[PDB]
Amino acid sequence: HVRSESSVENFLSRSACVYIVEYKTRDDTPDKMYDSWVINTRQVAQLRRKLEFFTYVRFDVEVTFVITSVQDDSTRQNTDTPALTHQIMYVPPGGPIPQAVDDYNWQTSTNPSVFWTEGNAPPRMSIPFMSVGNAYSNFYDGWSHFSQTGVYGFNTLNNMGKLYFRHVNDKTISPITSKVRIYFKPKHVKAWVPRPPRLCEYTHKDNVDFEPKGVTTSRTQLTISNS
Amino acid sequence: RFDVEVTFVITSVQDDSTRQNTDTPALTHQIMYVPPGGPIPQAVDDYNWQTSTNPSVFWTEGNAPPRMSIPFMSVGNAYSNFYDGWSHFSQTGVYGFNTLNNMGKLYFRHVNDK
Amino acid sequence: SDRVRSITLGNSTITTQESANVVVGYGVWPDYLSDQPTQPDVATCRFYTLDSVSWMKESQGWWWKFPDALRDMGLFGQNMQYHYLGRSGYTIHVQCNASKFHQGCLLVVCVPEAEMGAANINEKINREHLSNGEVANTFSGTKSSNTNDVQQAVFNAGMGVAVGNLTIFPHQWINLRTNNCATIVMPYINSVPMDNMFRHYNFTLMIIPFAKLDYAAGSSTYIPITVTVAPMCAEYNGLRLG
Amino acid sequence: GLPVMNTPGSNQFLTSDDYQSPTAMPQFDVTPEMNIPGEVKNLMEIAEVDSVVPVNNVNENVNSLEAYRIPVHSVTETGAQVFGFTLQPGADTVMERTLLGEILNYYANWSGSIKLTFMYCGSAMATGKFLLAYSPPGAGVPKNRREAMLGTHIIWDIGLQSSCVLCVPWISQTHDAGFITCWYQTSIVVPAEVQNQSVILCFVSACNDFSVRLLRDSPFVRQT
Amino acid sequence: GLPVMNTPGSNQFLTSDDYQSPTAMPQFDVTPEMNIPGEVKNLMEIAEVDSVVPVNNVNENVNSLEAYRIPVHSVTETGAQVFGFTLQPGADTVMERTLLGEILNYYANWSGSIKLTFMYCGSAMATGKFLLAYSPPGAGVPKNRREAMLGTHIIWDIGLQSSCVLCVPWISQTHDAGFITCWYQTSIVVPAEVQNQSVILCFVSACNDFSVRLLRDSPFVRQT
Amino acid sequence: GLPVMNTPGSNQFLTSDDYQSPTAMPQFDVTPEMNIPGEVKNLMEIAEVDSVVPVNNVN
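Residue numbers (PDB author numbering), protein chains in the order written: chain A, 57 to 283; chain A', 114 to 227; chain B, 10 to 43, 51 to 258; chain C, 1 to 175, 186 to 234; chain C', 1 to 175, 186 to 234; chain C'', 1 to 59. A prime marks a further copy of an entry chain.
Check before you lean on any hint, since a few could be wrong.
[To be verified] Chain A side only, calculated, beta carbon under 7 Å to chain B, not exhaustive:
id	residue
1	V64
2	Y160
3	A177
4	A191
5	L255
6	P268
7	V271
No wet-lab data here; the hints were simulated from the structure. A virtual CB, placed ideally from N, CA and C, is assigned to each residue, including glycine.
Required output: the full structure, derived from the provided sequences and hints.
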């Protein structure tokens, strides 16, 4: 008789790896030296269901990045590379977008960045509630702009931003790939108008579409008997 | 009847091969805790490493060793060292089991790629 | 019969029995919004009565989208077309008249933000298969497959959930054994305070027979269900300079 | 400066941190909270809602709406059994995917009470009696109307009460849990020109004394 | 000494730090602040300044001073249109490079009001009437003087008011936003020995209720 | 921020620690302590019990 762990915040405010970001430090294809992530809550199926218990949600965000590096094999594993610096730039809704590792949009002012050297504690940056409306929508029964044009159930209004990742240093002499892991912990959660859990599996991350599943697991009889 | 404080001492040594000359970046380990009544992973790429109600710890090479406290998580009031009886449906099931005093289990994997 | 009270809104009148179990949506009454508001005080606050529907033994259910079902209903649809932003709360009377020799049951819910699932998975839904205004869209009992259509199946209700778990929303149970009518009052629910009334559907009325209509070999094979909807506390943006 | 000693546990990312953090976006104006109706501050508000139970989950009836309808009609015997299911909210396949079973699959420990509700959806002219027996845990399933009668039972008359509510006492999975059987007492007496076949539907919700102790992952979401 | 445990997030350079820092140059005398006139403590003092709008940005007129001059003269019809532009301060190419558009391109969210001002730069002998219609967002552009008349309009008489000010209500990009059209009502009546061709110039500034929420990089500076 | 100097003895795991620790399971309800008879708060309660001595331990 406690009911302190059935709270909304003791149910949703837990960290979870949501995406893995792979990028290198020396290539020839000029887009494998960086990677990005458009921030949403629809990639981990667990957290997607736990947020689809409710229609409107409203939370802060605390992201912790776990950054690890492993060198690719070559002729020249015998090297002395100094410690690597990574950049994690945040693009708010309405910000410019880089198109290479040497693009000017890595240098712009109103895109907050974090510079981390190898060996330290993992980085961390908080992201506030940055919607125009009062709460995010998990569900949206309508069109975004000019109905019967545009995708059904979009809700332009609830975008949170996106991240970009590159190695700050120059091109090294051996290829070293770095994979980061993103721990997305929502904070100060308030939820409204609850709704039943999903029964069917998921098919895409941008719509509610499904194949019809059953209702439960079927029995053999209707009346029970002894062992 | 006790709380639990676990400290993990993590050390790594490379196996010999042709390619000891390498530059591997620092390793991240995962230490996931499964409470009594939780799912169980069956590979390193299983989905149960990604589930929500299994608390994990991510540690990078070089730091102080990790530590996480584990409270008293039995249904009954105290653990039993001794139990004179059967768990379920006596003369079936193992003598002296006491289902009730399980504390959980741990799982370990390297977070990085191969 | 049982102390019938006669409600008159505007120039329309409807009859209701004395008991009148009214379900307020989430405990909240529809009120005004406490960059200027302009309200159509009562010229749009009257009962708008839809067509009766056809409940055989094999009828599986119906749904209406608000407020898309009142786009051809006089001054409410006029104020939908002239203004740009909108806000309203609703009152829904659902009568279902039948004799004492009939048997059946109905769930009457109101589902905010009911995003429908398409029949074919990665395709697009037309608007004529989501909403229709007048006479409703009917569920199916089996897995339907039509070109650019909602996945119509009762046991998932077009949303992917169990249909027995729809009692979390504001509901009543019309049991023909005892009950005769259901009455649900619904406030305004959105993340923004006013949204465009043609693009965004606020909620979805749903009527589903759990216990099917079932009767003798000589009675009437067919009972109607009369739906009556009446907006409460509606207002719009209005055009001035200041 | 000030002398400071580093304790062990430094420079690690424990996943259940509670420390402060710097903000990526200071000097930002967060839009204020508006009163939206229907606020949830506790998940055990959600499981206090009655919901229909698929008791008739005999095979091939699950993929339909017949999965909820419990058939009852006129029987030439009198001590037969209408339905029955094991009383395990979350382990049993009957109230598995029920909303209460869905709140209760996110926890390894749970305890409290449980309400059942049984509604008769026949005509207004029919009448009859049922025997809703409750076999406590440890006790077996009765095979007779008479063996169920000497236990804990309730006689529910159709002709004067269309809904009986049966608040089952203490049930737990880590704080065989019981059975709920339904026996005929009399046949269903019907006048002329009124159909014989009828339906019962179930409902279930928790009481206000329901607790949970340890969160986990749900056994129903499987990763692609 | 004192026992101290290092939390995660240590030894990193988060770019939006707020911590203290040691000074490279202590024992240095900073020259004191002198009263210089014109101090700015808020960027929304700057955008409360009216500025000329290049409404006549028809092609090849942009590279001149003719880009600001709106031509108006004597018309043999009477319900024609003088000018018109979409009401989007920052997205539209009309008030794109306006000072208010320049303060508003440094933010992803902005809301508030907007003033327009229309000044007639003809002779002191001319007279006439215009119809400054405001199509609200969602509503289309009218094609008639009469369709613009039933909307929100203002009749601005040249012969007794050389400047009309039109404070447009609520406009936002994340808190089709509207149109401002100008219709002839009467022709411009002119005496002898006074030239027929004349000019209107626009002005725009915000009101005191204007807010912004999230800074970003400007889309106009491109790196060399 | 605040100026902080690391003393020696940092980032070690001394086995007889006494520091605080974060909990793996917050938001968890621990079942309350019941009165069980026979509580031991001292091992020198146990050794105040007479016990038979095997004096005749001839082989």
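Hints, one by one, checked against the model:
no.: 1; hint: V64; result: violated (16 Å)
no.: 2; hint: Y160; result: violated (35 Å)
no.: 3; hint: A177; result: violated (37 Å)
no.: 4; hint: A191; result: holds (5 Å)
no.: 5; hint: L255; result: holds (5 Å)
no.: 6; hint: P268; result: holds (5 Å)
no.: 7; hint: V271; result: holds (6 Å)
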